[PDB]
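As a starting point, one isolated chain is supplied in structure tokens, in the form deposited without this ligand.
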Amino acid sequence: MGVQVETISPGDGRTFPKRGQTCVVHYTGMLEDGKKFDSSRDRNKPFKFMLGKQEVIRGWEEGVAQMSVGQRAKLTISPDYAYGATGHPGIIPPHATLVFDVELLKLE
């Protein structure tokens, strides 16, 4: 599968990220069992990435593009849109489905 977007709280319903814009988000990443492996909130610093530059996994590129500014949403991402068969040594296992809690704070 790809990425499933499930809303948590609504944004403005009008402003969606376009390619080349910088997305400013807070996020929490969990394995399918619910174990947290990464979180910008624990660092108290939002995470920024430019859409369309492949600085993030494909599930983020296609999932955050479907969010409006101010929205919080749950992204469920299958391994092909994620870290794949390889996974990531010591953090992400092989063939992992990942769940992200993502809040799109603003676009720059």
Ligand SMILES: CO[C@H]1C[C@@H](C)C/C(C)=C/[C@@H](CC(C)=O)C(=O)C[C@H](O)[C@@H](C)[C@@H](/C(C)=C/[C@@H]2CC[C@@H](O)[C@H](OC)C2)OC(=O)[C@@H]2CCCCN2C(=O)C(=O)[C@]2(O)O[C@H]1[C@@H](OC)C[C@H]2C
The other form holds:
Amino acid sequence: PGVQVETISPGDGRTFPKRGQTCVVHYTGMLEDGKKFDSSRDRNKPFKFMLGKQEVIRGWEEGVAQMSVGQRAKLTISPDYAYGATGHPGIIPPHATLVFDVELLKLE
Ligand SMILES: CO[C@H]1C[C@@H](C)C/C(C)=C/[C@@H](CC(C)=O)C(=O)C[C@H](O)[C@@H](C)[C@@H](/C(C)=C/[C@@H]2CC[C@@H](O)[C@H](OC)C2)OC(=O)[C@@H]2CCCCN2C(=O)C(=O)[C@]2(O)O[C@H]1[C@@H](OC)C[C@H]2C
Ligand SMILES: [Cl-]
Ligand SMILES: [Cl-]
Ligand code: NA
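Moving from the form deposited without this ligand to the form solved in complex with this ligand:
So here's everything in the complex, that chain up top.
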């Protein structure tokens, strides 16, 4: 599948992201073996995005939509729902499944 969502700690079970809302998160991005390539946590600054604008990889678009506010989850994202056969220069190899540890902090 494009994304698999595995819950680390539950959310509110009620408030799920909608178009027009700003999702505020912390994340750590890694390969399937846990090797870290990026983290907002390390910058002590949350990351913000919105649905429906093609501004995040599709695995986030579909994974975070399945999370409720407060939830922490592991999103395992297939290459086609991330950087595909190309990868990301300097950061992620070709054909890489990505794992993001994401905390959905709030909707604004
Ligand atoms: C430290 O910078 C990070 C981005 C951010 C914090 C800084 C901004 C606002 C940069 C601007 C620079 C700019 C010129 O606008 C930017 O790139 C914004 C953009 O929306 C990103 C937020 C988005 C992304 C790269 C979308 C692509 C847009 C093009 C489409 O074709 C692509 O489809 C395949 C998808 O990121 C994502 O979807 C995913 C999921 C959310 C968390 C980040 N993501 C990751 O994969 C990471 O962990 C990664 O390390 O995060 C860093 C990132 O640098 C560029 C490389 C990637 C590997
Ligand atoms: Cl935003
Ligand atoms: Cl925006
Ligand atoms: Na943008």
